[PDB]
Structures are given as structure tokens and as C-alpha cells.
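Protein chains: 2
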Amino acid sequence: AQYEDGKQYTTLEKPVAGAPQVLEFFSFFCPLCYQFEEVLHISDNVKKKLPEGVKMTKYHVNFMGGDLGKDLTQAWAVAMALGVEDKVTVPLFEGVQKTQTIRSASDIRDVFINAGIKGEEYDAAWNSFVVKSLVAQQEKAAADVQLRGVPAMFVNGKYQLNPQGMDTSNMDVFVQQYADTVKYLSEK
Amino acid sequence: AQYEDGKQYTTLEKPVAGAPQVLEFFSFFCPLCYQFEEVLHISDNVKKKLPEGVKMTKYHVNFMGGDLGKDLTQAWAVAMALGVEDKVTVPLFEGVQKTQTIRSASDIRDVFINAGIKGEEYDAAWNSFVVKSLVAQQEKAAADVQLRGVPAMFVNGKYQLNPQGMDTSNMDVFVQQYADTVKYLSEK
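For the protein sequence lines, the chains are A and B, in the order given. The deposited numbering puts the first residue of the first sequence at 1, with every later residue one more than the last. The deposited numbering puts the first residue of the second sequence at 1, with every later residue one more than the last.
Honestly, I wouldn't trust all of these hints.
It does not matter which identical chain is meant; a pair holds if it fits inside one copy or across any two.
[Said to hold, decoys possible] Below, in silico cross-link-like pairs of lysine-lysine (DSS-like), each with a Cα-Cα straight-line distance of 30 Å or less:
no., residue 1, residue 2
1, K98, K7
2, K140, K87
3, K70, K7
4, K98, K58
5, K98, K47
6, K87, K98
Keep in mind that the hints were calculated from the coordinates and are not lab data.
Same shape as in the complex, but just chain A:
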């Protein structure tokens, strides 16, 4: 075939029911995740090729960055609850990997405040139970697929993208090959 199991994607031995249509996992400490987001813009390009209605979910993971890793998963939950993902993704990635100015939960908070989120608004969300359940959903989703590495992307809780089976000479071609595979899998 043109799309082979084991080449551009892998089929999960134990499929997951009730999983979001397109689920992406990442970590602000993950180098390749930085490339995918800031340079390649994977998520955006994938979104612009998905059929009408198909929803995309992006979750943060706990297994990198120790203590800060967990703080970031909670911060991501806050970003989701408040709907400010598009305002804090870049400064969080850069804060951790470019300028190395993010070293504690306090530093994470500064980013949100700088990005325009009010202090009291951030603190309320940070301590909310709505955020606590969001953290739990992120953890459960990772558990359902036995995730042990990022970046990762699953389609219909059954297939996992395999970017190792794609050409990386030209970045634009790589991105489109990636996006087309997600489209193919979503209607499969």
C-alpha cells in the first residue's frame, strides 16, 4: 500500500475507546517538541487539513523535568481552563529552552501575567478543582496509551504517527507528509 502499518504510523496492540479524535502529547522540556511547535508548526498544519468537526486535543506530560515538569502540566491545565493556550505556548517553550529564565512555579506565573492574565485570575484557576480534574484527564490519557515518550500523536485512539518514516530534507514537505497521514488515518 501507500500508507503501511509500521512505516508512517503504528497500530496500537490494545485500542483505546472514548479517546479524542486527534490527541497530541508534549513537554516544554522536550527539544523535538520545541522544533515541532516553534519551527515546524505541526499542530497548526495538521488542523488545517482535518475534516469538518474533528476535534484536536493537546496534553502536557509529567515524565520530564521532575518537579517543574509537574508544575508545567498544572500550568497547561490552567492554560486550557482559561483558554489562553495561544498566548502562553511560545513564551513557555522559550522560557524553558531558550532563555532558561523559568526555574520555578513562580517563573511560570510571571509568563501568564506578562501575557496579560490577571494575577488573581491565575491564582484562582491554579487552585481550582476544575484545573485538578484537567490534570487528572491529562494523566489518564497518557496512562491509557502507556506513553513513554514525546512528542506523540494518536488518531481515533488506535493509530500512532511515526515521523521517523518520513523525509526531513525539506521541512515544508515533512510537515505536509505528516498532516496528510493524520487526515488519512482520521477517515480510516
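Following the hints, complete the assembly by docking chain B onto the known chain A.
For chain B alone, kept in the frame of chain A given last:
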């Protein structure tokens, strides 16, 4: 300051003979490298405190950015061969990470042409023996020190700077501590 093995620097288990006095590794895809170069000016500050007769060598790595990473390593060789390092370093960092106008080998050529290098000259340099030699040199150098990641700097092939063991609190103090550590190690 007080310099201690395991703290501000590390001693190599297996020393590399013939290594440049001050060897620095980076990648145009590396975020912190971009920071070191344009904001901190780490290299400049290190040069400003190096003794008489001390030369700095800077090499590019392959393990980042897939196949384009290899092309950038060859383009860096061309920059060294033509002696235009100071003219193209920032434009290449911006093209890859900021403006994102560099997506394939062809886009790199444009950077050089825009800086004043004739296309014929760039193309001739690109396929030259001097360049193929420089590319091999950069690859061997990384292999010899078993480079895990970048940015990285080695002194006299025996010591490796450990910025993680340095005072990150104040960037101005950090920069000078980094430079002083290099100076201290060069005469040891």
C-alpha cells in the same frame, strides 16, 4: 572565583589530543545557541579574556534538524572557508528559527548571496575539497568527544564547561564567570 571539577566544568574520561585550544559546538536549530550568540555574546566575552596566542574554534553539528542539519554543517564549512562567519551567523539563526525563511538547502545559498557573496563563488566553494575536508573535520571532532548535545565548549581537549554548575541568577555575572572559567582552564 573558585573553580571545582564537577561544578563549573568537567574533566573528560578520555582526553582528545590535537583538539583546538578552545572548541565550541553549536547548531542553527539550537535555541540556547541562538541565545548565547545574539543576546549573551558568550563567544565575544570569552575572546576578550583569552591570553596571548589563544584561538577559538567553532563547529556545527548534524544531530539536529534532520537532513537539513547536515546541509547547515556544510554551509558553516563554506562560511569558514570564505572567512564570512561574522557576516552570516546571525542571518542563518534568524532564517531558521525567527523568520523561518530557511526550509531547504536552496534557502541557505540565498543568505550568502544577500550578504554579498557571488553565487558562482558560493557554488564553487560548496563543492570544494577544502569544504569537504572541513565537513569531515567537524564530524570527527564531535565523534572524538562523544558529543551528546549543544551548546558545548571544550578546553585543550581535557575539560568541558558545565554552565549548569554556574551562577545563572545574574546574566552579566554568569557571562563573566563563564569567560573566567575558560581562561582559568586554558592555562592549566
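Do the hints match the structure? See the list:
Taking the shortest Cα distances, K98 and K7 sit within 30 Å of each other only across copies (22 Å), while inside one copy they are farther apart (33 Å). Taking identical chains as interchangeable, the C-alpha atoms of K140 and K87 lie at most 30 Å apart only when both belong to the same chain, with a minimum of 26 Å there against 42 Å between chains. With identical chains, the CA atoms of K70 and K7 are at most 30 Å apart between copies only, with a shortest distance of 23 Å across copies and 33 Å within one. In this homomeric assembly, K98 and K58 come within 30 Å of each other (Cα to Cα) both inside a single copy, at 22 Å, and across copies, at 20 Å.
For the identical chains of this complex, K98 and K47 are neighbours both inside a copy (26 Å) and across copies (22 Å), given an alpha-carbon limit of 30 Å. For the identical chains of this complex, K87 and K98 are neighbours both inside a copy (17 Å) and across copies (17 Å), given an alpha-carbon limit of 30 Å.
In summary, this structure violates none of the numbered hints.
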